[PDB]
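Have a look at this one before I ask anything.
Only one protein chain is missing; all other protein chains are in place.
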Amino acid sequence: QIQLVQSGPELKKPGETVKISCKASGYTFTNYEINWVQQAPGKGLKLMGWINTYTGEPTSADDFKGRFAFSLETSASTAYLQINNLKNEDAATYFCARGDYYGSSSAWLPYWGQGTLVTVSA
Amino acid sequence: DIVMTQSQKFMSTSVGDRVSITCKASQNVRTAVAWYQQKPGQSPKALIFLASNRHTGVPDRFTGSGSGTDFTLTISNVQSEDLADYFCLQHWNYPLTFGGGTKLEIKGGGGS
Amino acid sequence: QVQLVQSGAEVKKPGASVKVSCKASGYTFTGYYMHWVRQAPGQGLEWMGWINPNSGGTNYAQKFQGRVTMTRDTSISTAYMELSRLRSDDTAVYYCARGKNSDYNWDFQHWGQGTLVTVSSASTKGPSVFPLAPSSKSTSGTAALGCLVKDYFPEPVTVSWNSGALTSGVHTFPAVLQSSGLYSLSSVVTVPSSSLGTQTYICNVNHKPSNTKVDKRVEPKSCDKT
Partner (left out) sequence: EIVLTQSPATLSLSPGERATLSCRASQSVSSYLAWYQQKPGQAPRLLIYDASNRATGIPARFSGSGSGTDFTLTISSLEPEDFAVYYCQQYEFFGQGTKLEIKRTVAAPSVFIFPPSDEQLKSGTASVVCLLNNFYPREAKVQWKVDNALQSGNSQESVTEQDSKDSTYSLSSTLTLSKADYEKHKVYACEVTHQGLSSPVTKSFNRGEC
């Protein structure tokens, strides 16, 4: 039942802004946090931040504080990633993932969106 | 942040064989390690969580072991559809951190 | 109809081990995680861990890592919880619990009936029953009498009056754990002060752990002082 659907690929220029969506369905949306992961070439997978879907309060990882904003739309069961002042290094595939707690540990990521490719063309 | 070290960047195997992918945590993460499979174009798919527990629908060919800092993913009876990248993840403390990834080549190849 | 039937009460000494079983019926045993939750006397619920009966994989609370082992036997749809190196504060009722949904969830909709595990160095001992004598000179138009059920182990004890014919006004108090390690309780009943000389009052005490049945007649104390 569980599905996370993201917006399509984005072709942007340096300095512009891009807003990626993550639509959730098949479960109680506010029961699970949404996490955002960056997969940039040569850098591996990096957790960018996560958002409390119940209160809407986001949290950014250290390296993504500033130009990266995480927001919410509970009525549509949708989480958003917005990147401001796009740089070349922001070119990557971006994933949203649901965080689940199974006990005696922090949350892991059992369900991922299909990914969103962001291309920075100069 | 906790670092997850996958020293194996690449490995080649044949259908029917078995391979072990290792992952070294920089801190004691107890048993909170998960393993993922990623095929080209697709997102990562969860294989193991909490070191040794399989996610829904994962064949028992995939087994995980380890606690503390030494962790291993073992893929027995490798099938052509196992052609993919594999990453470990520590979910002991945020921020969640991923291993560098291990590409698994299937000499028979041509599947999934 | 989902049902989880656990093994009977257990008695162990410090340092020993205990293994509780949980027989599942009314659903596909291998399709649902099984959890274990305990509850100390007078305290709340405490999660211990779960097991995936399909795979055998487990996960234990950090407080019990290295001291608890969870297994299952799919051939008899039974899950097990083994806690070793027992100590006094492991005395508690141990439950198995099954989630609501077929995937992993914390919503424990189905519970076993609980298995009491007593950890103590005391040996099995039947109670000593003494009368709580009434008196026409101690009324607050009602007299009170009872039986003192003292120094027994382990829980539980049941008390009736007149083989069950007397029920109204009966109060059988919860047992208290004495510093000696033995339990003790009292059972009282209020009755008309006028019937103390006409009605016979006997308390029927049963301590099945020691296969003990005691009947004690309660009457006013015989005073002979001049």
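In this document, chain identifiers A, B and C correspond to the written order of the chains, with residue numbering beginning at 1 in each.
Convention: a contact is a pair of C-beta atoms (placed from the backbone, for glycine too) under 8 Å apart; a residue touches a chain by one contact, two chains touch by 3 or more.
Chemist: Kindly state which of the options C:20, C:81 or C:148 is in contact with the chain not pictured.
Modeler: Reading the full complex, the residue touching the unseen chain is C:148.
Chemist: From the listed residues A:16, A:57 or A:89, report the one that touches the chain absent from this view.
Modeler: Only one listed residue reaches the unshown chain, and that is A:57.
Chemist: May I ask which residue of C:10, C:46 or C:103 touches the chain that does not appear here?
Modeler: Candidates C:10, C:46 or C:103; residue touching the omitted chain: C:46.
Chemist: If I consider the whole complex, including the chain that's not displayed, which of C:53, C:57 or C:112 touches that chain?
Modeler: Touches the omitted chain: C:112.
Chemist: Can you list, in ascending order, the chain A residues touching the missing chain?
Modeler: Residues touching the hidden chain, for chain A, are 28, 30-33, 52-55, 57, 101, 103-104.
Chemist: Residues on chain C that touch the omitted chain in the whole complex?
Modeler: The list for chain C reads 43-47, 61, 95, 100, 106-109, 111-114, 128, 130-133, 138, 140, 142, 144, 146, 148, 150, 171-176, 178, 184-186, 188, 190, 221, 223, 225.
Following the convention adopted for this analysis, only the chains that are shown with their structure count from here on.
Chemist: Based only on mean CA positions, could you tell me how far chain B sits from chain C in angstrom?
Modeler: Measuring from centre to centre gives 47 Å for this pair.
Chemist: For chain A and chain B, let me know how many angstrom lie between their CA-based centres, rounded off.
Modeler: 22
Chemist: Provide the C-alpha centroid distance between chain A and chain C, rounded to the nearest whole angstrom.
Modeler: 51
Chemist: Give me the residue numbers in chain B that touch at least two other chains, ranges are fine.
Modeler: As it turns out, chain B has residues touching two or more other chains at 30-31, 50, 53, 56.
Chemist: On chain C, where are the residues touching two or more other chains?
Modeler: 59, 62, 65
Chemist: Which residues of chain A touch chain B in their complex?
Modeler: These residues of chain A touch chain B: 35, 37, 44-47, 50, 61-62, 95, 102, 104-115.
Chemist: Quick one: which bits of chain C touch chain B in the complex? Just the residue numbers, please.
Modeler: Checking each residue of chain C against chain B gives 52, 55, 57, 59, 62, 65, 103.
Chemist: So in the complex, which bits of chain C are touching chain A?
Modeler: 47, 49-50, 59-62, 65, 104
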